[PDB]
Each structure stands twice: as C-alpha cells, then as structure tokens.
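Undergrad: The primary structure of each chain is shown beneath.
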Amino acid sequence: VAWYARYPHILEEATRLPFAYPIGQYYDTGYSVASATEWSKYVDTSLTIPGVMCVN
Amino acid sequence: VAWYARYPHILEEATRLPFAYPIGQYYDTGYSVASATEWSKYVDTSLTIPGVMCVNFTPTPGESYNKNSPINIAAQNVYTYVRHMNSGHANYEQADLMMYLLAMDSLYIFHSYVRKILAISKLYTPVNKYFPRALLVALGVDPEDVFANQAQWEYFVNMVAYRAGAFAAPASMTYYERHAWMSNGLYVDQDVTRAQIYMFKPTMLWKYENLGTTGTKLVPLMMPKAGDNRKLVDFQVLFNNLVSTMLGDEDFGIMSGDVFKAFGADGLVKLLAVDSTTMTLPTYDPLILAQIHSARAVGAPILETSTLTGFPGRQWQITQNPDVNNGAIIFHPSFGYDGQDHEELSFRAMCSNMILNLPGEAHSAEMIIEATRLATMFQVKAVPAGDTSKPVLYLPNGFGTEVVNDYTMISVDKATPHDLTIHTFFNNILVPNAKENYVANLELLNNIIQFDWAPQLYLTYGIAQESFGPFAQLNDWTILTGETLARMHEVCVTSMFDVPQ
Amino acid sequence: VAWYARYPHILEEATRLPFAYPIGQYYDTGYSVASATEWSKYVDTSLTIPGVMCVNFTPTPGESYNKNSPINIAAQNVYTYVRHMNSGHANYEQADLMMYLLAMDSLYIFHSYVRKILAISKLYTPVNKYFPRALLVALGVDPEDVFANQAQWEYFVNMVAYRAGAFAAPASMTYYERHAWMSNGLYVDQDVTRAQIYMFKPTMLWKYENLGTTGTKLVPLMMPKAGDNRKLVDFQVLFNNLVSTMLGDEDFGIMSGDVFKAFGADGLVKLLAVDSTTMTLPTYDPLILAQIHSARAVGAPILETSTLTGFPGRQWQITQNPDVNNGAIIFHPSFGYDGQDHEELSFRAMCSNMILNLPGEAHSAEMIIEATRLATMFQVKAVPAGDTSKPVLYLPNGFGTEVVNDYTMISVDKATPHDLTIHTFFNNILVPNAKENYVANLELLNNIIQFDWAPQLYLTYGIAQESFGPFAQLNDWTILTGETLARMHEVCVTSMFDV
Amino acid sequence: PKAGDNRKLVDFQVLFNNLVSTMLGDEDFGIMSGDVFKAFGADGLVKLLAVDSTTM
Amino acid sequence: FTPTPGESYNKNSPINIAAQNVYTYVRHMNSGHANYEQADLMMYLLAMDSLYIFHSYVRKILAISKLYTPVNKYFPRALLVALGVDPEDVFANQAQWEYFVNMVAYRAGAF
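The listed protein sequences derive, respectively, from chains A, B, C, D and E. First residue of the first sequence? That's 158 in our numbering, and the numbers climb one at a time after it. First residue of the second sequence? That's 265 in our numbering, and the numbers climb one at a time after it. First residue of the third sequence? That's 89 in our numbering, and the numbers climb one at a time after it. First residue of the fourth sequence? That's 11 in our numbering, and the numbers climb one at a time after it. First residue of the fifth sequence? That's 6 in our numbering, and the numbers climb one at a time after it.
It should be emphasised that the hints constitute simulated quantities derived from the structure, not laboratory data. Each hint should be verified, as a subset may be incorrect.
Stated by the list, open to error - Quick list of in silico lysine-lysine cross-link-like pairs, BS3-like style, CA-CA up to 30 Å:
hint : chain 1 : residue 1 : chain 2 : residue 2
1    : E       : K65       : D       : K57
2    : B       : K699      : C       : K478
3    : D       : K18       : E       : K78
4    : B       : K305      : C       : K469
5    : C       : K523      : B       : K699
6    : B       : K654      : C       : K523
7    : E       : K71       : D       : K12
8    : A       : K198      : C       : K469
9    : B       : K305      : A       : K198
10   : B       : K645      : C       : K523
11   : C       : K358      : C       : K305
12   : D       : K57       : E       : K71
13   : E       : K16       : D       : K48
14   : C       : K523      : B       : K305
15   : B       : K645      : C       : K129
16   : E       : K78       : D       : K12
17   : C       : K319      : D       : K18
18   : B       : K699      : C       : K129
19   : D       : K12       : E       : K65
20   : C       : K469      : C       : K313
Okay, chain A solo, but in the shape it has when bound:
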C-alpha cells in the first residue's frame, strides 16, 4: 500500500514488460530450468496462435 506509493520508481522499473506480441509467428518460451533439455519432448516451449477460421 504505502510501500508502493513510497518506491514507485522501483515499482515501474520492475514492472516494465513487453506486451502485444504480434501473432502469426512461432514463439519460443525458452527453458526456465537449464537442465530440462534432457527431457526432449516432455517440455513444451512452443507457443503458436491461430489467426483465422473459415466457415465452409
């Protein structure tokens, strides 16, 4: 409460993130655990977003 109003500069510097990822390209989220590469297919780092649906 008051701490946010007392260090708003550090709040902003901590909460600066890039949003609005353009759809239409494959996005790789990476690995949070660097040792997860042994489990090849057990970690889904892929992120694909569909963009159109056609009604025939």
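Let chain A serve as the given structure and place chains B, C, D and E on it in line with the hints.
TA: Using the frame of chain A, we list chains B, C, D and E on its own:
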C-alpha cells in the same frame, strides 16, 4: 523514415523493453541456441555487476627523514605560533606537539570510520542490492551485529565523539579537513542511480604509545579488513587501545589547553554528532574520482611482528628520538610489502613511470595537483641486509599525506546462492599458470572496467614473465617523472600542514 | 586549500606538464627506477594508442526463406508500382526487378567506397600520425599509389559515378542512402581532437551473374582486405568485373527504362560528382556509435572456392528460381565461417543471448531500433551433410540489412621501427596456450578499450575450456531475445525497402 | 636541381621523400610538434595554402 | 639563394637568442615533455623552413607552366629550364604535379 511515422504503434509495440536492471544480483542471460548446453563451460550465460570498490589508504606525515622536511617546518611554525600566543608551561617541543597533532588526526579518522559504519547501515534502495550489506562487509563489520545492536553502536560512537572532542586540534590545518572529507562520504563513479560506490577505509592508525626518555614513537595500529565480521566489542577494544595512553594524561591535557588558547573554540576542528536521523548519501565528485584514478598502491604495511628475511627493523613507525637526527621527526617507510615473505613478482611492473590521465581538455593547476595526491612511484630498491633477500622492498621518492595500500571490490558470486565476494588487490595483479587463474583474472578485469575512473592496472604473467602497461582508457594523459612527482608531493604536504600567522 | 590561492605562482611553476601527445607515434614512458633494467621484459615502458578501427560490413536483403519476407513484399510492391504505370515491356518479374535494384545498391556502395578512399588521402594533421596512411591501409589501398595518382583516382571515381548514372533506381527507398552514408564517412568515438576513427568497409559485393534460364543469382564478389597494396588498376579491374555482366543486357536495359518511366528523372538516385576541393571530415555520431557498440560478428562469407568438410553448397548467394519456393527470393546464409576448415571454438560463445547496451537513461523507439541494426544472434546449428563436420555453421534467426564479419584495428607496433599493425578479429577471440598469446591478447584488449563504444567482446581460453561474457562497460542494458531481435530486424528491413 | 637539368616529378618526389625520410618516425620530433601545437594554437600556426587548376 | 641562420659562432648570436626565447615560451606553457633543448627546437624550426621552401619551389614550378603569351617566347619553357625541370614532363603530368604539391602541403601540415 516515413514508415516509422506511418506505423508508430507497431514501432512502440516492438521496442518495449525492460531496462534498469537492479544491480546486486546474479543475472542469467539464458541460451540463444538451445543445443549449446552440451558445451558446458564454453558459453558464459552469467552476468554479475560489481557495486563497490574500497580504497585502503594510510595517513602519513609525508616522507620525513631530516629536520628540513615539510612536516618539521610545519611543526616548528606551529610550535612557534603556540608558544608566542601562550604564556605559561614550556615543557614540550615542536616534535611533541606535532606527534600530538598526528595522534589527534588518527582519532578523528577512527571516529569518522565508525560514524560512517553506523550511517551506511541505514541505506537502502530498490535498484541496488549492495546497500548496505556489501558496504558494511567492505568496511569490515558484521551487518547482523549492527542491526542487532544499533542502540549500542550509536552510544559507542557518540561516546567516541565526546571523548575525542575533549582534545583540541586546529581547524585551519586542512589535514583534518581533507582526511574527514575523504573518510566521511560515499562517491559514485557516475551521476546515475545504479552507479558504483567508491569508499575509503583506513588500513592503519597511529596509536601513540608514549614511553621512555627517548621521545615518542607512533606505532602502527591495524584495522579490520574486509570480510572480517568484527563486532562492537572489537571496535571498543580498538578504541580503548587507541586512547589507552591518551585519555586522562596531564601532559596531553596541557597540550590540548595550549592548543585551545592558541586557536580558540571558533577556530578549532569539531566532530559532528551522529544519531538515528543522520543519513549519508552517495555524491558525485570529479576531483576525488580523478585522484582515485591516478592512485598507485604501495603494498601492505610492515609491522614489528611481520617477518622480513634480509630487511630487519623496517616497521612503519614515526620515530622521534632527541639523540638521532637532532630530534627531528623521522618517517621513511619501505614499500613493496604484500604480507608474506616472498618476492611478490607483480611489483616489478611499478618501476615504470606513471601516466597521469585527466578528463577534459584544459586542466587547471588546482586539478593537476589534486589529481596526484595518492600517486606514488618507487625510486630505488631498499638494500637487503645479509645475503638472503626473499622479499624485495622499494624506497619511495616522496609521497603525500596518504598512501593507498590495497583495493577491495565486492561483487555477487556466480554460483549458488550468489553471495558477496571479496577481491583484494594492488594496482598490479600477478597470475601464475593455473586452470582457473586466467578466467578469474578476466572476471577481475571485467569487474574493474565497470568502474568509471578505476585505477590503472599492471598485469604480469607467470609463463610469459612479462608485465603489461596501464590497463585503462587514456583520454588526455601525460607521462610523470619522479622529480616532478617529488616536487608535487612536497607542495601538497606543505599546503596540507599549514598554520595561520 | 587556501595555500593554492595564496601561492599560485609556485603552483604554476610546479605544475608545468606537456599534454596533448600526438597519437600515431610510439611513446616510451621510461623507467622510474633506473636499476630496473635487470628485469628487462618484466616492465612495460611501451605505450601505443590505436587510432582507427574498421567495421567490415556486408549488405544483405535480410533473411529471406519464403514469400512473406520483407524483401519479397517490397519486390511485389515495386513490381506493381512499375507495371501499373508501364504500357509496354512485360518480360520480367518482381524478383528480377529486385535483383536489379540490389545490383544498383552494390555498385552505389562501391562508388561510396572509392570516393572515401580518394577523400581520405588529402587528410594530414600534426596531432594524429595515423592520418591518412593508417586509414588507407585499413581500407586496403596503397597510400603511395594514391599520392602518385590522385588525379587518376578523382577522374576514375567521377567516371564511376557517370557510368552508374546509366541505370536508374528509386530515391525514395532508403537502402541506398543508408548504405552510402554508412560506407562514406569517418566517425570519432569522442568529440576530441585526438580521437579514434570508426570506418565501414564493404567486405563483399553482389556481382549479378546472369546465366542459364533458371533465374538470376547474386554471386559474391570479394573486396580488398587491410594490408593489401591494391592500386587504381586493381580497383578499375574490380569495377569492370562488377559491371561486366551488367551492361549489354537487354533485359537490364528494359528494367532501367521501365524504372525511368515509373520514377521520373528528378525522383531517381544520383551520385554526386567530386572534385579536388572536396574534404572529408571525421564527425561525431552517437547513433552510429551505439549501433557499432551493439554489433555482433558473423564470420567470413562462404564462397564456391571455399572448401568446407560436410557443408557442400552453402555459399552466400541470393538464389532466384521461378520453380523453387514459388519463385520467391531466397537468401538463407550460414554463419560461423572464419576462412579455414576447422572448428573455430571461439564462435561457441555467441550462442548466449546478447545484451543490448545503451547510453543515457531514456531511450526512444527510433534510437533503440537504430542501436541494433548490426546485431545478429545465431539460432540453430546448420545440419552437416555427411559424417564429417570439421567446421560448425550456425543458422541465424534473422538479420538486418547489414551483417558485420570482422573488425580491423590499426595500431603502432611496440617493436622497432614501430610501424602500423594489422589486427582482424570477430567479437570472440580464442587464445590457446602459448608464451606470447596471452600478452598479445592483453594488448588487443587494451587497444579495444581505447575506443569508446567498442563492440562487446567474448574471450575464450583453450586451456580452461571456458569462454567469458561481454567484455564491456555496462551502462544501461537489457537482455535481448532472438524473437525480439527478429521483430526489430523485420521492422527495420521493411522500413528500408519502402517506396 | 640546377638549370639545364631534365628533372621530373619522380626526381622531385624522391627529393621530398629524402627530405622527410629522417623527419617522420622521430618520437622526439613528434614531441616537439605536440609542444609547439600546445604553445601556439592551431589558428596561430603556419599553414600551406592549397592549390588548384585555376591558380595563376 | 640559400637559407641560413645568419653566422652563429657563439651563444650571443641572434639564432641562439631566438632559440632561448622560443624554448622559454614553449616550456613555460608546457606541462609534460622535458627532453629537448632550445637548440633542438630551433633545428626543428629550421627543417620546417626548409620544407616550406621546397613546397613554395614546387608550387612555383607548377604555376609557371600554365603561362603562355604571344609577346614573350620565354614563357614558360625558359623559366622551367632555369628552375631545373623538364617542361615536357610538366606538360604531360600537370595533374600529377598538382596532386603532388597538394599532398606535399598536406604532409607538411603534420608538424
């Protein structure tokens, strides 16, 4: 051009990035190629930023070995002033008064040290995790002890100020003002929020130890190094040792009263009190930055207990015996000591002339003289007594009021749990043949490069048997000579020990 | 201190020191201890200051592998614009028009290169001994030849401009302007008299090379490197080779006529003439400084003559086949090649995420975009055909209009007679076990630190089997990801290929 | 060269290079040049004016 | 003609007096390099004078060859012969001569 002005929304959405990473924590950059995990150590994903650098200095009278030295001239002038302004007790000499003034300076340095220790512990900012635990660790205290016994620490430092303020020292002598301004502040390398802090810590104090008819002798007093969890009881022991022979002494009271009458209370130097509402703030000072940049380390001090094969009786004492050198104050130390009784090959790189690097284009005489107060070059090797010369000591050509012994840098560790690290080094670094020495030296160099006006480096290699010149970014530089530096130090010391008349 | 205010005469007589040492000349600091000569090479009395560093760039269309690439989109747009104002010739495609335009860009870059070579040689100053012989050596010419044939060089570059005026290219497109400005300027790292010069030298060109009915193909054309005593005859040979398959092509004449009809003669790009009183002058440019600082080397170009064990047919060509990939322009190069058929272990340090370093505190979108034009991170390793993979090649995620191959630094030698030294290196340097390799690397590092916004280095050691992160002074940084870099490169390339 | 000598541009270039052979590469000469540049400003130095084709 | 310092045989000569004056002026505004003398500074200056004279000589050689008048048949071949050059060479390589003298000026601008 027009495309940016035509799709500025997508330009902004593409160029939104998080900046201002808070320093003081280990940052992992990740892997751009997911298949790079096979090459375990061939990819450096680590990123550690140092946050503080401590300058371990030592107050000195300034290279006295005769009665013609500037310290002796100042002693004679101040004694004449006091004796001419006063009528009464005539039982001490210029040398006695001057060593009294030096002991008072040591007390003031110690009080400033403990006051800074207390005041740093109340510093906290969200963008720098080095505040204040790293600063306290560099100063050589226990942050847990400080936070547990804040009240006792405030009482102890207040009593230290009260007991040191009983004696009198002239405020017109800029010696005390220079030392207090050096040891009572935090300095940033840049005027930015996530800057690196420059600090000054006294490596040695000047315990009086007055005894015998053979004058006085200011013996060295050690101070806690970085990475030592010294507590309030250790600091109280240090203070009591410092003022064991100085508090409640009749001759000392006589001298303090005489100095009071000479320079009444308006003209006396005073220690500012400290309590719970005293905040120290980092400040940007190009003069102190320049004189940090042009500082050359002289090595660890030599004590009476320190063994030196072939160099006996080279302790860093200020001898004043009336039967030698006509009673003049004698202080000629031998530099080049690291702490162990061996060659310390890295110090050979300091036999070259120093380079005085300054910012800007036009430099005033004020800046040129203030930028080289900590500089010190060797002139001739001290002769080894006997046939065995395992250490090598170098005699200085003349130094200022302060000599820098060591440098301490505090930075986070790359390994879990990323705690602070202690890195003590001179201006010269020696690396022998080892698997980890080269990468460690590269880490050291990259950490030092982060500091803006970092001191120039002189690296030497074990298999190359070759040193390297100043490892610094030269902007506007000149090559300094021993004679010019000696003249500069003579002028600086003479200006330092000045008395009104 | 009141003593300084009271004795300024003695202060002045005590602080008489000679500053402003002219750079480009070897200086000896001397011995503070006159008896230190017994340790002969244990003391470093030498002091050499580098004065110029050359960025060996390469013009590229920007990572085309399908028909959605910015290059193909611009091809379609420019072909539509040309053909919707064209009544007549219909015998070429968007891809063909774009290979023209790229050949136009390559020869414009060549003209800017030779014009800079001419204008540099007239620069002589007492405060810098590097001017202009070091710059001419870095560009790869013979300073004696330029001094003897200044008039021939001037008339040759003027004739080059005149012959480049035969064909027509759009002036609204900023590709040509950006490349000419980058390759035709001298940049100081600081706004000081004795500053260090930053230069851009095209490592390669795009000889157009039409043969066979299976489309066109921009084959690599190599360029002189530093320390090569190339003369005006060699440069004329290079220009004639570039324009050998360019004139006499009726399809090229048709394209030039169509673009002349589309964009009026006022709206075309014209190479300005040069004369004897034209002076090139180093300038301070923070944008180019930042984008040089955030530059990553990609390695030497791969040619047909370059042998690569396990990587056949991986040359740096712009293939255009109507029956391959639906006729789209394809340019998918493999990086990590240095010149020899070995591993080059130092390139392994490039596999980590890059760190974008910026000056100041607040960064605008345009400045951030311009600060990462030369940045290029590898994404995956190229699959080696066969069981032998002596070299290792990395496929990029996406690059901008320019890719940096090497960096050339010129500095005074420490030994007699202290002549210029040739130093070519990527962002990563590998130092094996040797008596002199470590000290050589130390001199390299100290020389690089002299440059203000030098590219971030990634040192690696052969004995420790361990590399190191960025060897740079971090001021206000962020961690960049391959996807963010790809987005920024797509934006920049699309903006550059605009009419 | 004296009168009646068919000296050419190659000979004059040889003479100039001989004159400046022991003039460049001298660190003491560079030191002197730097010191006189510091003493007399760049505006206060002597400059050789450039020549062109229309100089009569 | 011949450029000369003017008959120096002791330390009271005008050349030595000017050497002392110029060295004092240079060194009293110099904080740094102290490794040369007044005599050394003056030999520099004399070498500077010699190469300035050479530049003026070659510039005159270049500018003379463009002089042609109907009232004087000496212009410019007689003058070029007197200076000691080849008029045919100058006529063939006017551009080379111009660029050479410009480069001479530029390289003389280093000191």
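Undergrad: Go through the numbered hints given earlier and state which of them the structure violates, listing their numbers in rising order.
TA: Hint check: nothing fails, all pass.
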